[PDB]
Amino acid sequence: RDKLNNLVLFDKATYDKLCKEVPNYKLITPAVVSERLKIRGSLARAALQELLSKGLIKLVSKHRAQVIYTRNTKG
Amino acid sequence: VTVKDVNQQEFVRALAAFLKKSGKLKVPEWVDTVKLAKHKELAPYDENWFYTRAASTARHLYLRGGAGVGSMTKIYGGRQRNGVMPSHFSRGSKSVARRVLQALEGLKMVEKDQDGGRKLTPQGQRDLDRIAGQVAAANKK
Amino acid sequence: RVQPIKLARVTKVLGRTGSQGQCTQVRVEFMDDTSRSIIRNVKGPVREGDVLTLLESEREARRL
Amino acid sequence: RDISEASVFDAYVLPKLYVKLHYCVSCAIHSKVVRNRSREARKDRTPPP
Amino acid sequence: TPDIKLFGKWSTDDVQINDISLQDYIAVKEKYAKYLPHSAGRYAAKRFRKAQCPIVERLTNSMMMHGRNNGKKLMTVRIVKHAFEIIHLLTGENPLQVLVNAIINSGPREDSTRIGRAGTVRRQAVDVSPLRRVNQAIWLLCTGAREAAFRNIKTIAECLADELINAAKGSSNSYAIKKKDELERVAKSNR
Amino acid sequence: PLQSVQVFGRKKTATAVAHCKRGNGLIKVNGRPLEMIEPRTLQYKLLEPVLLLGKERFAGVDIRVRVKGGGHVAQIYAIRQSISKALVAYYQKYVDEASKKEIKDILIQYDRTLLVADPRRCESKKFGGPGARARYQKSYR
Amino acid sequence: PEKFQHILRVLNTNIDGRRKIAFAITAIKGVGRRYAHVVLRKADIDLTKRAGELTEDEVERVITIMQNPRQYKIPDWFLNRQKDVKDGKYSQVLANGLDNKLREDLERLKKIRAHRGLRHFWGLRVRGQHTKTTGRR
RNA sequence: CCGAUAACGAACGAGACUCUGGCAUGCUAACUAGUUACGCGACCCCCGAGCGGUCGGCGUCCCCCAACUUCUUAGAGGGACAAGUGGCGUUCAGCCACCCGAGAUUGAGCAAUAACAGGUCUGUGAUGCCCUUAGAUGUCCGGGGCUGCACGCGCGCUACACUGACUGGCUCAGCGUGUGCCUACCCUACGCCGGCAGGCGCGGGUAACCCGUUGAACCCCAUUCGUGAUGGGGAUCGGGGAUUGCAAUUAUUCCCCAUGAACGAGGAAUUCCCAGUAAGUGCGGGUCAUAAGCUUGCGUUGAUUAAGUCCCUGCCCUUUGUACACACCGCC
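Residue numbers (our numbering), protein chains in the order written: chain A, -15 to 59; chain B, 2 to 142; chain C, -6 to 57; chain D, -1 to 47; chain E, 540 to 730; chain F, 11 to 151; chain G, 223 to 359.
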């Protein structure tokens, strides 16, 4: 049953949410954008480097395989 | 900070850069249409192996006093699905490791040793590991 | 009715009954109460010294 | 010792069931009251705990 | 770290085994808080030496299972020294508490053993040596994090770090704490 | 006259001969410090002796290891075992014994076969099976 | 990021825009992944993009090249059609064209009463593997 | 085994043994090991650190009339022997735990009496008898078949993918194996050529020297991909090109293109096994002109779990019943 087909590129309204909505998570990865939002996952892969424009989100530690990717860095 | 003292995988990253930012080596024509080794499935993405592989090959010679084409083929290996068959080991492409050696020879990173096999020459011995200083001292990270 | 949780470990491992050789019969101190003595069949590998857990503190699991 | 706590009375011996069991040989053997001995042994009629 | 033997980055001190019974079987630190979860290992030689192996590494091994991945401890040692770095972000404190106060309340208190019972097999309530609980709990969350992570791209480090929180808390939201329920539930039906 | 204590520790067929000279002492395997080697997930693994006993404890001890044989992972408890054994023979033979014993304690309170050779080695295959023990599946009607 | 293309149609064969450009070329009969980068390497189309992007010039640049390969340096590995036989032409067949060529060489073998033809005619293996146990449909 | 003991003391099997596998800074040594580290005497280039002294380091310049066995090798040795202590035990035979440490078990070969129309006459110039015996079932040439295909079962491999797929890179062996062999024939280092198969140059090799620090895969690390029967998978065919072979049609084997399948974890069943074990993973050997999805070894990565019971299957003894002794697959 598990069928999950998502658009390759974020729509502008959607992008704002990623610009907007991505600040509202902690445990982020190409997964957590492609399941919460309906982004492919390679464009999520991509979006997550775009979102290092000025570290809107924080890298704990990019492991070769898995980005491993935290909340903004508030306090 | 020799080739060893530098964390060897971000060596060839910068040594690939060297030979690109030199703007000379002798890139040729079998290039865009190359398999790399019958070994592989598919032609490589970074369109610029041999700047990064001549990097490898040349540092490799630094680590080892003598190496033939037969040697270079050997070292860049892998498993090889003959498919439903089990995987076996296939040598890399000669042509490419050879022209990598001959091209390194153009800049005179390397030379043909005595007793057969290529080794790297003092001049090249430099360009190689000069940047080792620059890779360690790029920054501590 | 009565529903507590009591942890006790039998002082001595006694036998290894059960059909397939599963259950190691144990004589277990209540732990919650020193005085109480119960016999139960345990499934995991036990020994002399180790605490174990039974849902009902009455059944006193007999020959099986 | 459950019952000797809960006893209204003090001490108390408790009774006993005196059943005269009384098996046919079939069930005596099937349900392991006696067994089945050697030729020399069949004779030895003592009752040994 | 010569002062005290930590764990890549991690405190193993200020960690307590929060239910006696499992204590002395969960070897988070005798004094012996190992740094890594790779270890030579030979805790499969004698029988109750198996416990003295640290619950952490004991979980890496329990994770490198399934046909295409046996004996890739290098691999899974990442996953687990990679998973814990997620928990501490969510919970805080030693995520080793989240591991240890998972296994405790990931695994049951008693279980349902199969006796022969003539023909119709009425399983019997028996307690367990902290082993069939510990072990079952251990796969059930491995298997759980595993099963959840075929066809989402969920990181096994993430997927496991769900389960270890969802079982550290009696959260009833994992795979381990969802079967820890039933074995007890099946046992209750038996008696 | 400085120290010159050579000591080996093994795992499977990975002989790793360490050796301890007196100097500044910053430690290295073949020809590269402990910070690399780069199975990497391990790493702390081979740092352990350092991190246990103290960064001070090799502060008059240049150690140089060499490794052949065995394999990727093995080569590491081989080099771990070696720089704990070698360092042990250091403080024993010329230096003292109390610190040798404070070391040997600090190590053997959690071994990980630090001074103890893992006695194990692989079983042979027997005919009628893929491995030692397992057997080619029984046909049966 | 421009979602405008919403898939594309190329060379008389339906193709998918979303899929990556190297992959998209793959679908047409006579191609494959091998040759389908090499086309996008001579053409100088940036390979890091989706077939539901690009312009009409790009996609024709593909067809001109892929349909007429040898002239834009593509050597003779990546000609599926090597010394055809009906004239010594050696080029790259595509589309139904290969089904046509395929059929014609089956027809040719068959017509020349030769074994390999008979074997297709009957519906068997051509390549002498044993069909005792496999080839059951 | 001890002991109860009409038996006492003996013999074969088990055990002991051999090979093997692991502790042996203990010995004898070793340019056909290694070497080791020196001494470092150097070349030596900033290979790298460092202003320079000095140092970290591969390579070499070696050689040697260093020195040595730290690992390598293989000889002699030792040891490990329920040996100590604490339980348990008829307080014997032993069992269990712990100490020192390899804790009494690392793994095979060898394997009795006695069997069995087991298999083998096609391993035997071992062969009883029988056939056949020139038109020869004597030996071959050419071809063909042993490969054929609506179905059935048997051992294998590869998958089903993202703890993974393909894209960079780093980098760790072992047991072997090799020419120049009983009749014509290898192992291969290093040059060019070619994409590659390969091709064409040339070099060492009765080998611990040459292949060959056997420079591997998983593995490990570097980017793609995004859960699509998709980039997994990878069948079936189209077309080329090499190689072996006098000859591959009946795709020989290999490469290069090109097509591009079912399988998204397997219905009824059932084998395998406890420690360096299962699994994966290549690699040798055997098979070989050509050549392996075969086995037999070898490491390598290396788990989970039983550590008990006889619940199923099948084995040992004892007692017993038995109309069975072609032995219950019986007898009736």
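Keep in mind that a hint or two might mislead.
[Stated by the list, open to error] Within a straight-line C-alpha distance of at most 16 Å, the following computed EDC-like cross-link-like pairs (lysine to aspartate or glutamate) qualify:
(1) 31/F - 72/F
(2) 295/G - 30/B
(3) 65/F - 558/E
No wet-lab data here; the hints were simulated from the structure.
Here's how the hints hold up against the structure:
{"no.": "1", "hint": "31/F - 72/F", "verdict": "5 Å, holds"}
{"no.": "2", "hint": "295/G - 30/B", "verdict": "9 Å, holds"}
{"no.": "3", "hint": "65/F - 558/E", "verdict": "38 Å, violated"}
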